[PDB]
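This is what each chain is made of:
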Amino acid sequence: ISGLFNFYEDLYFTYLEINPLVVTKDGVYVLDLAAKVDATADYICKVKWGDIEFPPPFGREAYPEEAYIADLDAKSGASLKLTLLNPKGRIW
Amino acid sequence: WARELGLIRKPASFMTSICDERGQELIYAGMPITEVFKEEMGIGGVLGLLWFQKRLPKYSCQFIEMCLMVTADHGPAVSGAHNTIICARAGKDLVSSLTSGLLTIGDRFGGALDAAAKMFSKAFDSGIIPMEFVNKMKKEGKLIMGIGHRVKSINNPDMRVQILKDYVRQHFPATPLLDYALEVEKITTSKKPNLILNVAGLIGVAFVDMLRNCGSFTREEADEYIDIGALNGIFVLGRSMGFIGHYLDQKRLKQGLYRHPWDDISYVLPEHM
Amino acid sequence: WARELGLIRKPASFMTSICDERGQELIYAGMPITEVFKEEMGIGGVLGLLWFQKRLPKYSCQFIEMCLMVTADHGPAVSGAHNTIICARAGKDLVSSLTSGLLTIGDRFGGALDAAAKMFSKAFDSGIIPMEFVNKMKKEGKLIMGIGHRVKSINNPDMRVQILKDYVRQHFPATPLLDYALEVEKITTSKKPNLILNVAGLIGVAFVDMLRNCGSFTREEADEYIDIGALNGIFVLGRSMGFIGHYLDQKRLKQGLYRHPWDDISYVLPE
Amino acid sequence: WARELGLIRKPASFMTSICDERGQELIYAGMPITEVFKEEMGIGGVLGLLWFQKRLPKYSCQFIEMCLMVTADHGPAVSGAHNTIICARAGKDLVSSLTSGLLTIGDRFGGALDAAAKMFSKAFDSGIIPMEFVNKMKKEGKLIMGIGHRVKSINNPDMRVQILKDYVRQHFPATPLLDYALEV
Amino acid sequence: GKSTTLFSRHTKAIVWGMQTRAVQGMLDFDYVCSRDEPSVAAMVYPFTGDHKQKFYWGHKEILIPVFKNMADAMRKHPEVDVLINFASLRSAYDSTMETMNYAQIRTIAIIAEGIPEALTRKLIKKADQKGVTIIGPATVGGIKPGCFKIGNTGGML
Ligand SMILES: CC(C)(COP(=O)(O)OP(=O)(O)OC[C@H]1O[C@@H](n2cnc3c(N)ncnc32)[C@H](O)[C@@H]1OP(=O)(O)O)[C@@H](O)C(=O)NCCC(=O)NCCS
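Protein chains in written order, with PDB author numbering: chain A, 185 to 276; chain B, 827 to 1099; chain C, 827 to 1097; chain D, 827 to 1010; chain E, 487 to 643.
None of these hints come from the bench; they were simulated from the model.
Cβ atoms here follow ideal geometry from the backbone N, Cα and C, with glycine treated the same way.
Please note: incorrect hints may appear among the correct ones.
[Claimed, not checked] Pair by pair, the computed Cβ-Cβ distance ranges are:
#: 1; chain 1: C; residue 1: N961; chain 2: D; residue 2: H900; range: 46 to 54 Å
#: 2; chain 1: A; residue 1: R274; chain 2: C; residue 2: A838; range: 45 to 53 Å
#: 3; chain 1: B; residue 1: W1088; chain 2: E; residue 2: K554; range: 30 to 38 Å
#: 4; chain 1: B; residue 1: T1044; chain 2: D; residue 2: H900; range: 39 to 47 Å
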């Protein structure tokens, strides 16, 4: 637990849960790693994260054109967000 | 007559190594002028002969000429162009106006090439990585010379920088200092997009790379040429063309004598001295 | 804010025509720097854009570059090189030494190109024949600027003169003033053999021929550029190369502060 | 006329404090030119007004004028005089020749006044005694700037130094740094 | 471990201090002695940076290096075996000790006038320990015709 909490602290996580965890004379077995991490802290853990990936939430896959806005989100400090549910609607 | 018979000994007060004009044919650092011209070595080659006493490779001479081209002029608002224009509008000759403009060249104006080269060379010669260099510069309270632009950034690159970068990449054999500078540049652009490698910074690092990697120089000679102010000379020679152009343009336009408006000057004098 | 809204009038006190740096692109006389580089307009083309605001033909740019190279340096004995060397040995920076050297460029040193161009243009434009021009200069007590060498007379021509003259004869469309200068040269070499066309005189006359016959100029424009001192700028830009070379050289040699010997000075003070 | 109404702010790009010519009388650092001449402030007084914005005492102005007189010329062999002579013999005008001579003034020629002042001031501001200053200069391989003449020694005084030092001792209120330099 | 032969036609020396006339007289003596190469390899002068002082070998101008520090002259010239010490009475002791810290020097000439006797005794002690021959202070030096001349002995040419 002390090692896991040190890993929590120095990797700047926010949400770290194991379900289930197996403890045995052989060792420790982690089966699920429910984890949410501070994206904005990427500038500190550039080396410590390598090429970190942020999976999209459950639902429809990200649009090829919405992902372009997602890419431009990090170009400058200005915030540029877009999200789609059903392009068929009239109100935009 | 006594010197001709060699019966009197007098020391020579001057020593020169760049040009010999005593003989039949003019010589540029041990090379006759006709041999200069028959080898298609132009402004860059002549500059290499006169400044370094070396026959630089063709790509080195072309890069020197390109550097002279990009630094030729940058508008009339800068200090040197402003001084040249004011001297020209005062009715002075070409030499006086050019000189008035050139004498502003130094630390704040015209010294970014030399300062950028010195800073990047000191960083690279030390074992520090680009991130350590950026952190050290931030801690020291000094901005990195050769980084940052008015409006250009990533996804909007400086065109002079791109032209020079494309040539140096495709022609220079090895550019470790340029790669170091580009890593520093990507760090700084992650910090803020406009913090791109300047024309001054790229010219400085690529000139150091040219001196250190063209094969015509030792490490000590390249370091000495950086220390003496070869990049100051590069900027001065490049910007002389633009200053002379400004002088000629002011003479053509027949601009009258200039006097600064009083409303633009803040007069704060002692009450009664 | 008022200027942005466009409700305030203040006239501009300065006018420029050679370079625009405000926009997204650096522009030399209405030409983007990218187009300058992709069309292979080198030092000569940039010089033509910045000084004359014209796109000169390729041979004009190469001739300008050759003129810059032939006037790059002429040894350390000349006045400007002497002053640059002395300022460099005094520990001053590059700009100060170059400036000390350049400030001697004028009537007696450096201005031979411009004087030769003016003299030959004035003679040719007046319609007088070369013999009449030579006689007129002789009666006025004036040496023909651009005529005279120290060692090279005949069968040993000045090699810089030969290179420039060969290029001009092979690439220029028409060289009337150059032919006039060669006529004058034949007369003066029949006078005594070392009175050949100098590099200064040939550069002046060939620059006038380029500026009058390349097709990018009118007669008024070419005359105005000659009168303003474009050839003075050509010589200054060429010799700045040699002066900076002399500065770097004196810095390499680590030469100490110079002091003129007292035996070379004639002290004639009143008493 | 928008600026007259006070409808527009435009910051002044230049700041000056030495001379005002906008008014009906020329002003030198707050002092009118007629008052400058009435008070018999010489070249030294005008120099004090223009360089320091101060009304210097009369002995200070006269000492400044004496310093100008002493440094007026030192022959044609020095670098600056040589460059001025070369440029003059090249047919250039007064400004170009004077400028060519002046641009040699720097660390090796003409910088001895400033170097000597800085060196002696840094020694005197620290607590070191003159002997400690001499030994400290010797240790670092630095010659004491402001000491050493080619031909003049003691019992053969330099006359320019003698005149200036006599005036300074006679008229100045206190000369601590001069005392330190004389011990050195 | 003092040596019987102190000077020869191949002896090269380092002069401490700027003594241009003495070095030039040494070179003139060398040239009239049909010596192959000059006997002054380098000069040491603490008060200026490294440079090259121009002297005369016969009728041709040559460059002799001048070093701010003695260590640079010692490193760049391993062939030097003599040091003519032209330091004053206040600097002869330290310069001579620093020279004796280098084993390539077999002979030291001290020209200074008025060295304190205790400092001279310390110099003699260290020279005896190091086996270095000292041409004692308050001297013009010595002369070996055809081989080597110390400073100003024998006047000018
Ligand atoms: C000032 C300082 C250079 C004087 O030392 P110095 O080298 O003995 O003095 P000089 O350089 O004038 O002497 C060189 C010799 O050449 C002579 N000489 C000087 N100028 C000459 C010239 N233009 N032509 C021919 N001979 C000249 C001198 O008379 C002197 O001859 P000497 O053998 O009769 O003494 C030295 O003490 C020093 O460096 N001090 C530091 C402080 C300083 O620089 N002050 C500024 C001085 S205003």
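Hints, one by one, checked against the model:
no.	hint	in the structure
1	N961(C) x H900(D): 46 to 54 Å	51 Å, holds
2	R274(A) x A838(C): 45 to 53 Å	52 Å, holds
3	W1088(B) x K554(E): 30 to 38 Å	55 Å, violated
4	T1044(B) x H900(D): 39 to 47 Å	42 Å, holds
The structure shown violates just one earlier hint, number 3.
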